[PDB]
Amino acid sequence: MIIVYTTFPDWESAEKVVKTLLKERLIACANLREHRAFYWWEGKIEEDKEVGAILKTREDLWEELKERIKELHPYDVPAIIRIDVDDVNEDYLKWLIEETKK
Amino acid sequence: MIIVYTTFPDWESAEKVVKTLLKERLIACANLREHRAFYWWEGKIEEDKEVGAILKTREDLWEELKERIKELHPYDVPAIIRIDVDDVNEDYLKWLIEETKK
Amino acid sequence: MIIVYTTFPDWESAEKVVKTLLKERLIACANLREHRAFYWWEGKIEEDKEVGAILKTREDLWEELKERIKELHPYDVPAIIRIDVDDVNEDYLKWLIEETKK
Ligand SMILES: [Cu+2]
Ligand SMILES: [Cu+2]
Ligand SMILES: [Cu+2]
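Protein chains in written order, with PDB author numbering: chain A, 1 to 102; chain A', 1 to 102; chain A'', 1 to 102. A prime marks a further copy of an entry chain.
Same shape as in the complex, but just chain A:
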């Protein structure tokens, strides 16, 4: 399995996108929590309050999921970050496979 991390400008977009991804059976679950982001914009350090999203899905769904996030994301240039899971308890993995599209 894999984790995918992305960030959203607030809760309405984060929840809309995550619920669409669940409906499309591209993810098994999402964990959403606020953070404060700091980055460069035009020679200045910018802050933005955001909602980060930790998504859990199968490896084989990565490219499809990445494309759908690109298509749904409120940001022109979103972060869509895949981190592979090195091991997981089998009962959870079985559930995640059951809950994702075939």
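Because the hints were derived from the structure by calculation, they are not lab data. Please note that the accuracy of each hint is not assured.
The list treats identical chains as interchangeable, and a pair is accepted whether it falls inside one copy or across any two copies.
[Stated by the list, open to error] Result set (DSBU-like, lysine-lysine): computed pairs, CA atoms no more than 35 Å apart in a straight line:
| no. | residue 1 | residue 2 |
| --- | --- | --- |
| 1 | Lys44 | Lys102 |
| 2 | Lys44 | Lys23 |
| 3 | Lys19 | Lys101 |
| 4 | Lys16 | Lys102 |
| 5 | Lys94 | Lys44 |
Since the structure of chain A is provided, determine the placement of chains A' and A'' with the ligands on it from the hints.
For chains A' and A'' with the ligands alone, kept in the frame of chain A given last:
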């Protein structure tokens, strides 16, 4: 070293389990923070408020730790997710080894 | 690209350090959020409220970034944890490369 991520239904269970794992010297530390989870239950998108837990330990303790989490977890099917750490500052790694069981 | 995770004792140190790292062009962005940490200190389970920081940068900047965090960190023994990113959308990766030092 490794990270292990799991989620709990609230703070009392999260803290009880993490403190037991510390007492058993199976982890060196835990970072706990709230999130909102979205997933499928019986044809419906369900939300649950949870406490996520980021645990830090040695690679060689993974199987023992995974079994103990299974045995302590309030969920029938918990997420117990191992992500390997590709590098870490040595002083921290030494501390983590010192603080975990031998 | 890589993620680097570290923790700070509160927001002032976290923001000062992250903004210095941005100014030095060692990271492209940071996501900061509170957590509660549990760990061993002198035979007792200790808790501390902290700010965790998720940093995003290039692989080739890891050693320089790790040294700078050591030099800036309020902790004697900070956690400075590198997790490699297995894949990312190209538009984001291009932006991250553009925003980091050359
Ligand atoms: Cu905002
Ligand atoms: Cu709940
Ligand atoms: Cu504190």
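Between the shortest in-copy and the shortest cross-copy C-alpha distance, which are at most 35 Å for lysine 94 and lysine 44: within, between, both, or neither? between (47 Å within a copy, 19 Å between copies)
Alpha-carbon proximity context of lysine 19 and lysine 101, limit 35 Å: within (14 Å within a copy, 38 Å between copies)
Could you place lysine 16 and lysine 102 in one of the four classes (within, between, both, neither) given a Cα distance threshold of 35 Å? Answer is within: at 23 Å inside a copy they meet the 35 Å cutoff, but 38 Å across does not.
My question is about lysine 44 and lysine 23: at a cut-off of 35 Å on alpha-carbon distance, are they close within one copy, between copies, both, or neither? between (39 Å within a copy, 9 Å between copies)
Between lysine 44 and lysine 102, at a C-alpha cutoff of 35 Å, which is it: within one copy, between copies, both, or neither? between (46 Å within a copy, 18 Å between copies)
Violated hints for the displayed structure: none, as all numbered hints are satisfied.
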